[PDB]
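K.L.:
Please arrange chains M, I and G with the ligands on chain H, whose structure you already have, making use of the hints.
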Amino acid sequence: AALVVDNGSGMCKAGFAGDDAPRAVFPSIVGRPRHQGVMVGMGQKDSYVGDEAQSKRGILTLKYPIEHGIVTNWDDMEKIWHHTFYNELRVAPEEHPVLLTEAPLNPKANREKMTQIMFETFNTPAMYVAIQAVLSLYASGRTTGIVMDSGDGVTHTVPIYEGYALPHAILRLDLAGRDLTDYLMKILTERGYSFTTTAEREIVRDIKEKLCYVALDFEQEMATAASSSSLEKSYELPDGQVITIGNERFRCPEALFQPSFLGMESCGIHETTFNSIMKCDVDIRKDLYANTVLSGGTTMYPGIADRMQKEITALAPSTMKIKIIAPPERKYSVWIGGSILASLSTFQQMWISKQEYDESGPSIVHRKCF
Amino acid sequence: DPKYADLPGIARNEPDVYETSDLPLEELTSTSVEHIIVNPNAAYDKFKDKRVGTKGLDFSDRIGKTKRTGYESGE
Amino acid sequence: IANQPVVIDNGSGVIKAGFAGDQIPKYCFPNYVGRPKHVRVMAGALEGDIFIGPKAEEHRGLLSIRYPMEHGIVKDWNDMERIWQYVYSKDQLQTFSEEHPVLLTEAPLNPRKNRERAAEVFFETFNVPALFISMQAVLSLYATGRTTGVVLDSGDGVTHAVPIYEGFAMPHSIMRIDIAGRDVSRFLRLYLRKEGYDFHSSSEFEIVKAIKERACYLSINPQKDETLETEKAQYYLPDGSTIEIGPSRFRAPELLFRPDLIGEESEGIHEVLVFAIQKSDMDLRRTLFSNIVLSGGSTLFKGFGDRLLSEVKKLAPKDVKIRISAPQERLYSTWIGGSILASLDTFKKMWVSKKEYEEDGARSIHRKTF
Amino acid sequence: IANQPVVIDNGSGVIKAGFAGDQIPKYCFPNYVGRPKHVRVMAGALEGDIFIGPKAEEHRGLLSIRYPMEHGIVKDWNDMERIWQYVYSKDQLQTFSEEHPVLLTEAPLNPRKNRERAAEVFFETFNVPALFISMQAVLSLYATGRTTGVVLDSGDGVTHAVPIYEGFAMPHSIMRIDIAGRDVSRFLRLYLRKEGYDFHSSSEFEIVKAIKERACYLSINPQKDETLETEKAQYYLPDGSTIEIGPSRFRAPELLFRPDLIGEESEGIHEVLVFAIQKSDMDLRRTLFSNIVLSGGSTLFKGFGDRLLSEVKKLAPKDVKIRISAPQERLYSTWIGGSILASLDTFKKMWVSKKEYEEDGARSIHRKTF
Ligand SMILES: Nc1ncnc2c1ncn2[C@@H]1O[C@H](COP(=O)(O)OP(=O)(O)OP(=O)(O)O)[C@@H](O)[C@H]1O
Ligand SMILES: Nc1ncnc2c1ncn2[C@@H]1O[C@H](COP(=O)(O)OP(=O)(O)O)[C@@H](O)[C@H]1O
Ligand SMILES: Nc1ncnc2c1ncn2[C@@H]1O[C@H](COP(=O)(O)OP(=O)(O)O)[C@@H](O)[C@H]1O
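Residue numbers (PDB author numbering), protein chains in the order written: chain H, 6 to 375; chain M, 3 to 26, 37 to 87; chain I, 7 to 376; chain G, 7 to 376.
Since the hints were made in silico from the structure, they are not lab data.
Accuracy of the hints is not assured; some may be wrong.
Claimed, not checked - Which bits of chain G does chain M cover? Going by a derived footprint, with three or more residues having C-beta under 8 angstroms, they are:
1) 43–50
2) 144–156
3) 180–187
4) 296–309
5) 339–345
6) 366–375
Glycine is no exception: its CB is placed at the ideal position from the N, C-alpha and C atoms.
Extracted from the complex, chain H is given alone in its bound form:
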């Protein structure tokens, strides 16, 4: 009996260890109302969380507590974890030990303060923080190979060979789902359809998930988009109003492969995956090309795998065979790994206990992280 709780910037995936898929999946947001001095009606919650805030988007100002895999407002994150254990999962945190997930190369204060809350506020019996990328490999039953776990908050590239990780080869890029969502708003505003508010940004994320797809040749796709209106698809908003996004459909996910569009002055998700493999030892490169995994929900774009293969193959040597690993459950790839890890009898020892936390302090986490 143990709890796996993925603390993703976009969506918080929580559930019991051993189960196939996560029990409760809700958007990680806190909804505070745009209140005036006028008195409010009955059935009023001071701050709404998750699926409740997703229902009452109209009035509530949606504030994401985790920004680029860094917890900015801890009071907000506490209210999400309270919604996770007590309401969503229907379980006491004192009974079950809780596994959390942190992105690699995050600030040290993040891991420090995270565990402090779990030990003091919720009074958990044991707490282990893990790298999202390390878990994602277990999903595919692969010990060897690199992963390109692109989330809503961040995208990170962690090469692991024969159950041994290369820490110095790890590269983090701040370009992620939320930056693409923010980019899609700007180009939709250029077409005509203006989306400004926090509630409207959530509707633009629903537009992104459904329509947007990765093009094989961007320049070739822009030529077909100009000539014919075949790529132009219609989407119905919450309001009866319908919109035809056009070429901006395949223009949004292009930002992943060339950040110049967003204006970050950084390497693309294809180029960073190559650079990470080159930073590793020369011998093991072979297996990393052969076992390139794509994880998170930012790798569920239709035809990212085809475009990824093409771009890596061009950069990589001709003799090498480049196979991209795209399992059907990419969105729940971080959690399903956690469920496999927590269930294993070997992992029982690796848990950090309250007694261990009390004596040493919150600094113990940095030793027993990975």
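P.N.:
Okay, now just chains M, I and G with the ligands, sitting in the frame of chain H:
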């Protein structure tokens, strides 16, 4: 001044600028290392009359004809 | 054609026209179409069903005001064509549009359909030699005569902050919010009804804009002025009747700096300025704080510069020099910039010729914009 | 030749240029090509798409930085051509390349293709009378005015140790390691992200280099200073914001002494020096240990001399006299050596003439360099 006097919707008796109040080697002094004073004029004089023999010179990774020592002698 | 170019500012509230030779705009009239309020069947009433600028101001109470441009976007194009036709009337300028070339001043990050249709009208309806669409922010710097400078241009329709350093505008650091002078006029009408004076009519909305422009001061501390008993300064209406404004005077334009009070999800005028600087690169931040320029009519509020300086200082880093350099001609700054730009021989290269638009295509106007 | 020969110290971090005989290099500017990343909209902005040296330093925030040479190997030659062109331009020495001979200063044990292309550019693109390529270490000894000494030259790009006894330099005892000042700045950036301050931008990476030079001390005992709670020393960024560096201050420069931290299997700077002496013949070991000369900018770290003297003493034999001598101008020591060598009449014989290069080709340069 007379240009802006002509127009109706102009700021009159307002300050133009709103501004804030105007607010007004450790290794090179180490014990371990011995600090030398570089005098190129002195250095130039010491090497002044020193020459090199560029005849039969080959520093390259050429195997032929045993070992070689570049810059044979002066004068 | 060598004949003098005609600058025209597309201000949502007031459009400012004139020749490039003039130091100031000779002809500037309100941007609204005036039709008779009662649907005219009979003779002896207001004839034509069109009253623009000074003719409208004379017979204002009889007519019904309808603004053609909202939030820096043209809603009714038929109305805007009549307005631009009145610019080339006997009343203002008194010239052929076919002879003189034109310069438009569209707000930043507007819809591309707005720019394309604006060009189509000015090339097809009027037989213009050449047209050039430009950004309102870039012009404001030419007027003042400095290359570096952030331009907080608070218009009637839109308030936007564009950072430009050494003649280089960062397009990602641009910030645009819809809460502008027109919204302040709308919110003042609500507070005037809370004082007990209704301005229900579209004509009666114009005198609320006059009340705002005459008497509305921005308090340095809003909470202290609320507790203090007001003088209740009397304003005289067109009919002759007096109205005591009282606390509505100062707590109306406050909604610029704090738009959450009414319940509008926006950043605020102090916030968009700071955010635009913070979004830009770290090296430039100090110089961009050291060079801020106020543009448009919604900066002329009494004690705007005093409040903004205070609200920027607390958000901005400590011990940083913040100079908010307002010109004396803030309302007419955007046009004067265009008048200088138009006069230069470089402008001859920048604009798009009528024959160029026929051959090149639609993109011609967009690609030459920058 | 009557015209003085120009000394150019082609350093990875800073390229130092000047005329032979001069006591100090008159014109020393940072080695990078700055291109504007933001768009030009206004007229009168900064002219050219290439900014090099002091103009690039002033307008750093506007530009995207790109180092042409990495680890003493010219990666992009087009860029290296533009910086050498800028040395001869009006801003720096302001003379024709055809009239003055050149003295280039490359690092030891660099690729042969680098020396070949370096010559090709300096003879074809610039029609120079004569070029001599020399080692950095050999010059550093002429500056101090000593015939016997080992030269530990820790530069920005590469750190190397060359044992030189009574004029002769032992080519098999040369020790070179890629880990250097620029890897310390790269390793500092990684630890600053762990502390929770991000510097993703190429312009922001130059601020990390500024933080390194100002606030980073090498602790005499590494394991001792790790455990003890450190005083969190605040540093002021260009914008004004304060960062607490904390443990990253002293952990960052330790990379030079322990290359295992970044994860490269190479010798430490302390191991490089002793290995270079131990590789030399038995008789000269005592004289080389007695005569140690530190060079390059990366030796200027606070407590470098103290730590190195501690580390060398443990690896070196018992009861041997270890005197580490520092010239006050460590940074400019390499160039001053070049000026003294260039001023001697013996340098005339050492040169490769245009005709000599044109006849034999690449071989002539490889024959006469060390
Ligand atoms: N099918 C899809 N196609 C395209 N984009 C998607 C799709 N599903 C989700 N996304 C986008 O990618 C993000 C994926 O978030 P996800 O559910 O993987 O959680 P997360 O916060 O990224 O967690 P983690 O970092 O642990 O992977 C969403 O926020 C959304 O913006
Ligand atoms: N003297 C003033 N005091 C206060 N508000 C003013 C004043 N003059 C104009 N305004 C406000 O500013 C608006 C004018 O905006 P304007 O500068 O013409 O915008 P644009 O830059 O788009 O042309 C008016 O409609 C009014 O709301
Ligand atoms: N005061 C300082 N403290 C620490 N490191 C420094 C200091 N000054 C310069 N450096 C480092 O030394 C570098 C300069 O290298 P330099 O000696 O000019 O190279 P080269 O010897 O290859 O010509 C800088 O880029 C920086 O990384």
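K.L.:
Each hint needs a verdict: does it hold in this structure or not?
P.N.:
Hint check results:
1. For the segment 43–50 of chain G, the stated coverage by chain M is violated: 0 residues have a C-beta nearer than 8 angstroms to a C-beta of that chain, whereas at least 3 were required.
2. Coverage of a stretch by a chain is defined here by at least three residues with a beta carbon nearer than 8 angstroms to that chain's beta carbons; for the segment 144–156 of chain G and chain M the count is 4, and the condition holds.
3. Figure legend: the segment 180–187 of chain G, annotated as covered by chain M; annotation inconsistent (0 residues with Cβ-Cβ distances under 8 angstroms, at least 3 required).
4. With 6 residues bearing a CB less than 8 angstroms from a CB of chain M, the segment 296–309 of chain G meets the requirement of three and the coverage assertion stands.
5. Look at the segment 339–345 of chain G against chain M: 3 of its residues bring a Cβ nearer than 8 angstroms to a Cβ of that chain, three or more, so the hint holds.
6. Counting residues of the segment 366–375 of chain G whose CB lies closer than 8 angstroms to any CB of chain M gives 5, which reaches the minimum of 3, so the coverage claim holds.
Figure legend: structure checked against the earlier numbered hints; hints not met, in rising order: 1, 3.
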